[PDB]
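Student: Just need the whole structure built from these sequences, with the hints factored in.
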Amino acid sequence: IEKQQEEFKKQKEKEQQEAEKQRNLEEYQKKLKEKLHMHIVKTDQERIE
Amino acid sequence: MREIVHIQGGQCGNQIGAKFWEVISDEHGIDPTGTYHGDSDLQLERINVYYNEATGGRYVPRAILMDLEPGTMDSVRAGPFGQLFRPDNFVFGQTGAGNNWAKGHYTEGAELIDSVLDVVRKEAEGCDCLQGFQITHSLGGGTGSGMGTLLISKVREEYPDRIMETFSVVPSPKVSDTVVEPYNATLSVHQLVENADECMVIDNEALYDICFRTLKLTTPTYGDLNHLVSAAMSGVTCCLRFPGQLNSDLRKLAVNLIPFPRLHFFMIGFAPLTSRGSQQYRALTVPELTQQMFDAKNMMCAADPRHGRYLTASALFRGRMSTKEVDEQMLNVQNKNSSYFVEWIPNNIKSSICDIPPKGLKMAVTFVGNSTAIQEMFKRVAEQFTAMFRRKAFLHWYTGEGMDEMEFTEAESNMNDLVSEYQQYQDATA
Amino acid sequence: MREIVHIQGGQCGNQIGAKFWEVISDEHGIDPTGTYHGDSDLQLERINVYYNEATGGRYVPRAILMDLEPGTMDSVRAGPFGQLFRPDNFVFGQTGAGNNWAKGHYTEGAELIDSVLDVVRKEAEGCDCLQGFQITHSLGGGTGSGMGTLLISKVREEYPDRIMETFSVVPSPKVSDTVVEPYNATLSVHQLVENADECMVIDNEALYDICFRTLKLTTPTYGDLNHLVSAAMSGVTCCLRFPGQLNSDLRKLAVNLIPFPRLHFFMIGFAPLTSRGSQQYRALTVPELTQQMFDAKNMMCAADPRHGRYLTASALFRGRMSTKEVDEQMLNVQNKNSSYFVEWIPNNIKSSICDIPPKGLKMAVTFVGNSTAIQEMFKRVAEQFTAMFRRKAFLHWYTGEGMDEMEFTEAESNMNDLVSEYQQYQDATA
Amino acid sequence: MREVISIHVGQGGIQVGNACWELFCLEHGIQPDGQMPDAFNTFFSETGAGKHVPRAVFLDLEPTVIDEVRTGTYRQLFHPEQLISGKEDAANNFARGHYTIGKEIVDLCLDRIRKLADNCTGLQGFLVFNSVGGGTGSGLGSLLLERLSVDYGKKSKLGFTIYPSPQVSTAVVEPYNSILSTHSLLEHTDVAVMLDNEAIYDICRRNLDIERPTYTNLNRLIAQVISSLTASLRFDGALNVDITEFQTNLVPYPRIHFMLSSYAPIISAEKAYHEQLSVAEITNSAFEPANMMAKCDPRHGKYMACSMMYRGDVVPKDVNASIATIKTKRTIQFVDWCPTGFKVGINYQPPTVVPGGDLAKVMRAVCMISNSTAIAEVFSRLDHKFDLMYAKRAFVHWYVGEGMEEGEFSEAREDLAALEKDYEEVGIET
Amino acid sequence: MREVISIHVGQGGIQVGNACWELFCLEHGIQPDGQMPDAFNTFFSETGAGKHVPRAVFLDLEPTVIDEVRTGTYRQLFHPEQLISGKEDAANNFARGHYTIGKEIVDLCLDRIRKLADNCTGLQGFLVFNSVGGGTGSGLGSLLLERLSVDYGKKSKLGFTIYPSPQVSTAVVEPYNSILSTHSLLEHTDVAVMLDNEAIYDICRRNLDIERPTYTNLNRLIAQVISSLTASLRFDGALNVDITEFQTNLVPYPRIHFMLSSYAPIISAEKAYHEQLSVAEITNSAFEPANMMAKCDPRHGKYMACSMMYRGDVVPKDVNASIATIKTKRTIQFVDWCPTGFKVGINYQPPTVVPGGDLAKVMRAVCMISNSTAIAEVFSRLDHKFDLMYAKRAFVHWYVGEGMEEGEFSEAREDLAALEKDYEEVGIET
Ligand SMILES: Nc1nc2c(ncn2[C@@H]2O[C@H](COP(=O)(O)OP(=O)(O)OP(=O)(O)O)[C@@H](O)[C@H]2O)c(=O)[nH]1
Ligand SMILES: Nc1nc2c(ncn2[C@@H]2O[C@H](COP(=O)(O)OP(=O)(O)OP(=O)(O)O)[C@@H](O)[C@H]2O)c(=O)[nH]1
Ligand SMILES: Nc1nc2c(ncn2[C@@H]2O[C@H](COP(=O)(O)OP(=O)(O)O)[C@@H](O)[C@H]2O)c(=O)[nH]1
Ligand SMILES: Nc1nc2c(ncn2[C@@H]2O[C@H](COP(=O)(O)OP(=O)(O)O)[C@@H](O)[C@H]2O)c(=O)[nH]1
Ligand SMILES: [Mg+2]
Ligand SMILES: [Mg+2]
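Protein chains in written order, with the deposited numbering: chain 5C, 1414 to 1462; chain JB, 1 to 430; chain IB, 1 to 430; chain IA, 1 to 37, 47 to 439; chain JA, 1 to 37, 47 to 439.
No wet-lab data here; the hints were simulated from the structure. Among these hints, one or two may not hold up.
As the list claims (entries may be wrong) - Restricting the straight-line Cα-Cα distance to at most 27 Å, the calculated cross-link-like pairs of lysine-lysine (DSS-like) are: (1) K352 (chain JA) with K163 (chain JA); (2) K122 (chain JB) with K96 (chain JA); (3) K401 (chain JA) with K1443 (chain 5C); (4) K124 (chain IA) with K338 (chain JA); (5) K352 (chain JA) with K124 (chain IA); (6) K338 (chain JA) with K164 (chain IA); (7) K336 (chain JA) with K164 (chain IA); (8) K216 (chain IB) with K362 (chain IB); (9) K430 (chain IA) with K401 (chain IA); (10) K1427 (chain 5C) with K112 (chain IA); (11) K359 (chain IB) with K297 (chain IB); (12) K379 (chain JB) with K401 (chain JA); (13) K370 (chain JA) with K60 (chain IA).
To be verified - Computed footprint of chain JB on chain IB, listed as stretches where at least three residues anywhere in the stretch have a Cβ under 8 Å from a Cβ of chain JB: (14) 46 to 56; (15) 394 to 408.
Just so you know, even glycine gets a beta-carbon here, dropped at the ideal spot from N, CA and C.
Tutor: The structure is reproduced here in structure tokens:
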């Protein structure tokens, strides 16, 4: 019986960590893309000049 | 209208043409006596693309055959469909080049080329609206790789706005038949990049690999390699001779497959290809064609296309089929392989549909893709060239006919620069 | 829709498939030339489950045949219905494994498996909606028990959500034909529990016992054992190819027969089975089918089912019959045998009815029961394994190809742990 | 200007929908093609010229039953694109049909429901049929009810669920999804009617004298009950009853809406006409505990309210004279806080007979819908079955891996405990 | 005394012109030979005795499509010298068809336009068709529009351009010329209608149930939309609408004139007659986001004005009762400064069916032309695609060498940025 409770406790903890990790990665990628676009705009101005 | 003339040089080019013209004649129903015996009306509507008209109702190809020795053209005349060629277009010398690039480009090829240029000028000035020229030659031979490439520059100097095609066989290090192959390969690649609007590399090693693995026939011969090359050659201009949903001439492919003027070296492949015993098992569907079309072993070059990323790709479907399926399959082949497609140019696959399939087949596809994986061939060619040149081996043969080592150094440097700047875009990111 | 592909490996698996496909073709009225000649409309409605369609109207099985030696596939092609198999799906090596598990799983089986995985991927990516895979192989041979089990892991890694079937013949100690059977049986059981969604054990000893006692035929041969195994194999997926009162695909059986993910080793049996001379005496009724279905001698395994308690049971009735009788008989077979059914899970028998009986029979039943009595087979296999391993007999053959004794120790420990935890629930009480 | 929409989900739901839709078409004179060779408007809609279209939708993830429907004699009746079908079955897994594959199908069903509802002007309510002991049935029924409860709000929905028998069972895992579905429809359905198979089997055996019944015989009786319930909306009667006039008469409290039904007379033509079938004897037979349509004993509990429908040539005074006799009997006792508990409806149209069926033609019939305190026994026994396997967490991995949380099982148990406590609290006298 | 002239340029333009000209000839009873065996005057002209000549001109530089037209069944219909054809194709290069080869052809087209216009007395306006993602189409359309805007001035011109799909594409360079052509027609065309292929593919797949569509199926739907738009000029109706009555009702500001269309019902004869096709349900289907003729989501933006045409036996009161329902819904919201946004037209002539086509015959239909704020997404994604390749100046050499200046690419980008800012500025509430 001890094994049964322990087994479910160890499995439950797993799954939660995987979902959280995916969410963090996606947010980071979107912010980085915005910064890159602004940097590109300044570079564009110099070549045009 | 918008027709092209055929020019071939060397033994390899003559043997390629001897099957290309047979394939074209069989496609248009022209008997080896020049008399039409076809079945369909469409077989005659656009016959002016490749064939001229003479009195008596017979047709004659507008091909020009040149070599520095008379044997190969004296042999091709006795073969099937050998009588179609006009005897006036045969031009040859009495000496030969002996696989020496200098002899076929400086001493002997320079004096003879005036006569062949005369007939070339006669053919081009006359035709209704010129589309361009297509050239078949081998880079492993002296007379071919010299005279053909000098003729390329001479033609380009007089017709700067027309389009130019070259189907070039480069010497692979696996199946080597000549010891001086690296020298005249490296010298020819130097001149070929400056003038050819399109170039299509073909390797004998890849043809043997295809024949042994896909067709699974026991004893390949030059006739099978020539037949595969001829089918691939015919597939490119099919929609220019037949109606279709989306016609696309050679210039349209030139616009869509060459991003920068110096990146015009493509590798091609033909589908479907099946063995005799398995031709009944398979069912011809668009997914079956597209899965074999992008197969790595199906390429006509030993270059491995999953060692690099495609800059762009093209497909010329044949037969009557739905366009929605073609577009969705092209999208699917590009979503499942995003790692092998460059990311700063979206939607880099061109498609075209022609309603007339090849004789005997219900569907066919010709694939022309510009990929960064082609660098490996120039790398190995330059490696062999620099391994042989550092000791000045066989250099006296070339230097005894007015050539010097400076032109070798410049050729090596330009070829290495091409190799470097071709891969420069592989690591480029947005 | 919801179709499955067939993959078989080794000589035993190839011989099983050579009769399984004959039985399927005879059931669907397909001639050995691939031409349909059936009588009923229902024979064609769900033919996409096992057969593909090609041009010319003929049908081709989606089976993949693999072995490390070419003899068995070169022999199965000359047998009846041997022409149906596509020649492209035949993949084989030139060396063989020699009943050595290490050679068929580490050195030789690793390099070859890429080609067979290519065609496996081709078959699965194409099909409408995948249901899963079914695998036939033997645990008494080297190449089979190695390459098949490694292929199981490779397939599971790429399709984690699909279902996987394995029909596995384990070496019995009574009829032993190979001295190194315990080693590759124990090594294979280690990998098989981790990846297979369902496993069905079959023993040659039980097949001989059945043939000698129930059918009472004088001279059993491998053709009769193969025919019984083929009938049992076909009985499982019958309702997926035909209409019925309660359709039940493989996934529904997976849900209802596996309580815990590591307990998926079933033993099966087929009814009715009668001798030629007594086929006129007997009358086919539901009580007659159910009394033979739960008979201990009717199981396809030597394991004695009254030496343990059933965790769950399943029955797949065939033919047109009343459901009330089926349910009441299932209740009666469970009230009169309460001692042999585990008590903390009530109503542990699943039933299904299919209205299409086998050709030539009016009623048939396929039985799949998960019982605790299967521990005895692993006990004797491990007993022989530990009797042979303690002296390191025949160990050098395995250790000379990169394997070590640590993988033997881990396999023995995991197998013993499986044996223990499978019987743990036998003594469990509520 | 009064309409009702019936929803059929799952194999059992579709198989009882077929049963009710032969009966309605026969009762309104509509041929199987849908063509007549103003009462139809309750179940059908006029297309302007000719055929009638049922106000019904068929749902299933497993395509076999729908394909059988679309090829039978009724292929022309139903609109082609209201027979929504999936590709992959839920396989008795509740979590599948509520979280994985049902969500992608539920949107099409809701679009069809909207398209059918915009046509109706006087929509009385919805009917839904689903066998509870299955994955897709219970899961999709729960999801559809939950979506409808918020899309429409106060519209009445009636559920004809078929709970598993006390001891007879076809699956092994049906208590889990039965409990979960009871949780889901406890707070979402206005009326739920008990329909377990064992009681109807006993009814057929005792009265119809059929020793080998099939599912069709059960479904015909259920169809007759549905027709008797909905007759008052489409036929003239001396004492009419509407669907909306139920929660004011049979449902004392919002939580308590599970009731069990009965029907009378049930008799075959071979011995029907030998006896007079007076109203008193049929209303006595309807209250017999052995004629309950669900296997529950009414003698074990009090009655709360009885709603019972007549049809034929019955006179109200004879009905009153029989209600008095039932109030007289000492074996039937009502709850203390309910002095009168009978709601009576009388209709003139006699029940219609289906050719080739079991029931004969009679001029009088009675259908009762009775709410009683004794229903708690089925909940208690289902709870006991659930606890046995949930103690060891058996079969839970098949549900946790389909997106459902671990704690979802416990709260259904708590809601059943609350319901059982509520049923005990209501039944005690003041 | 009311006329309109349609201009067809490019392969897509000619292939949709063929599609509309079968439909018009069929709708006015004119045989393919042009002979009838007073409404024709809008599209045709009387020759004095016998045949009718369309008021249309076909343009292309590539001769294949025109030659196909001049040999089909419609060879006798069109005037022989209004099918202007070139010799050399632009090959997807915009600079070619605007600076190099289009200039020498545009004069003949303008002469033909003058010769057709002098015949008309009540010229309503011009129609033009051109696929945007091609060289000759976009370039010649731009040049013709620019010439017409100054030759005639205030005459109205309508453009049915086909923009590329979001992800599906046939070329690789079509964003460049799409952006340039949008620049050109932004300040030169009064109305532009969105027509990308992907949305119409989805429409065919979902409603027409065709799994393998070709271009003809798309062009027939476009032809039906054109016929519905122009029906009000040549048939009697209770509420007429003229072409000149558009910029006063759909165009709030001179810059904003890109709108997207939809059509309803779209249904096949196999299941059309089973449902009543009321006006309410068709006007609901027309507003469904999945039935937009361009792949844009209207839920992502506000509406500005909706102009929607009916034809058949529809009654105005039923139209008003359905406009009220749409105003009621919470998922469709109009812009703040527009209280009423609907313009309604009613015509009596039902849509005509083309034999062998997809659509069935129905008595009611609705065609909507709606201007919405959500259209900015296609501009944003085309701009993003353009920027990726313009960052590295890819494919620019194919345009600079055809006479176009380097800076011409930047100002189109600036105009698109201005348009996107304007669309954001308009959609904010006060
Ligand atoms: N009364 C009656 N019950 C049925 C019938 N068919 C199936 N059932 C009951 O339904 C239960 C299982 O659910 P099913 O309807 O068979 O299957 P399902 O609801 O479609 O769920 P899935 O298994 O996922 O397909 C069984 O326990 C049966 O008792 C029928 O024809 N009549
Ligand atoms: N809807 C529709 N679009 C088409 C059709 N044909 C071509 N297109 C579109 O047109 C685009 C390319 O322009 P085309 O019309 O094919 O060629 P073009 O306009 O004549 O320009 P050129 O290539 O110079 O000849 C492709 O991206 C297609 O999406 C058609 O029949 N129907
Ligand atoms: N495909 C094909 N290749 C050939 C044939 N004959 C020769 N070759 C290739 O051409 C190369 C030699 O070229 P060569 O004959 O010296 O060219 P030349 O100097 O212009 O005459 C060899 O490496 C062969 O691989 C042929 O008939 N078919
Ligand atoms: N049922 C059946 N079993 C077979 C047959 N042939 C061999 N076997 C069994 O397979 C075992 C040997 O397997 P083996 O041929 O070495 O498998 P492999 O190593 O994969 O080729 C023996 O113990 C036999 O009992 C057959 O035709 N039918
Ligand atoms: Mg089912
Ligand atoms: Mg074109």
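Student: Compare the structure with each hint and give your call.
Tutor: Checked hints:
no. : hint                                  : in the structure
1   : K352 (chain JA) with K163 (chain JA)  : holds, 23 Å
2   : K122 (chain JB) with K96 (chain JA)   : holds, 21 Å
3   : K401 (chain JA) with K1443 (chain 5C) : holds, 23 Å
4   : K124 (chain IA) with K338 (chain JA)  : holds, 15 Å
5   : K352 (chain JA) with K124 (chain IA)  : holds, 26 Å
6   : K338 (chain JA) with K164 (chain IA)  : holds, 20 Å
7   : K336 (chain JA) with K164 (chain IA)  : holds, 24 Å
8   : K216 (chain IB) with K362 (chain IB)  : holds, 22 Å
9   : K430 (chain IA) with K401 (chain IA)  : holds, 26 Å
10  : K1427 (chain 5C) with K112 (chain IA) : holds, 26 Å
11  : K359 (chain IB) with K297 (chain IB)  : holds, 25 Å
12  : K379 (chain JB) with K401 (chain JA)  : holds, 26 Å
13  : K370 (chain JA) with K60 (chain IA)   : holds, 18 Å
14  : 46 to 56                              : holds (count 4)
15  : 394 to 408                            : violated (count 0)
The structure does not agree with numbered hint 15 stated previously, though it agrees with all others.
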